[PDB]
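As you look at this complex, bear in mind that one protein chain is not there, while each of the others sits in place.
Labels for the chains are A and B, by order of writing; each one numbers its residues from 1.
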Amino acid sequence: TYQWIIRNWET
Amino acid sequence: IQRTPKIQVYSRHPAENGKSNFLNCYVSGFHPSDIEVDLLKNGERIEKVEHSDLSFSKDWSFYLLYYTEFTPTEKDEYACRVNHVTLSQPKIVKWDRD
Partner (left out) sequence: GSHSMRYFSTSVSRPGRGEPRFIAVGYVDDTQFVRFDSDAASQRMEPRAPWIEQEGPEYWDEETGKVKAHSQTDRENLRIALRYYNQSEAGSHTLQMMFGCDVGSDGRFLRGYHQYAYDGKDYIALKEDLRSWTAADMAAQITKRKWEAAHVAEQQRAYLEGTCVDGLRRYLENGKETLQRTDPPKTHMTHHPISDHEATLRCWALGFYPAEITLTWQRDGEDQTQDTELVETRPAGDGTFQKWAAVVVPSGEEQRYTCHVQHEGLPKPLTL
């Protein structure tokens, strides 16, 4: 089950 | 930074003259990912070569396995032709029967 990777390096 | 590929040419099953097998070329430890892997049947490229999905190990070390369905002989000479950025000119490793 894949993870929600929704936050970038600058956020 | 760049890392030169580790090449390993071998068979899926224990090799035997006239009996069906799969010739493998396992390239690992390379960076960047962009690689050219050709499987050879008497210096001439095997056009029907399939490959593994781009994956890596915990140490970010890239690995791929290019493979082909074949029948080995005593007459034909098999090998792996590989070119990367770390390599000026294609580095070929002959398939040693053993």
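Just so we're on the same page, contacts are C-beta pairs under 8 Å (C-beta built on N, C-alpha and C of every residue); 3 or more make two chains touch, one makes a residue touch a chain.
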Listed residues B:17, B:20 or B:55, member touching the removed chain: B:55
Residues belonging to subunit A that touch the chain removed from view: 1-11
Absent chain, residues of subunit B that touch it: 1, 3, 6, 8, 10, 12-14, 22, 24, 26, 28, 31-34, 52-56, 58, 60, 65, 67, 98
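Here is the rule we go by: only the chains that are shown with their structure count from here on.
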Geometric centre distance via CA averages, subunit B-subunit A, whole Å: 35
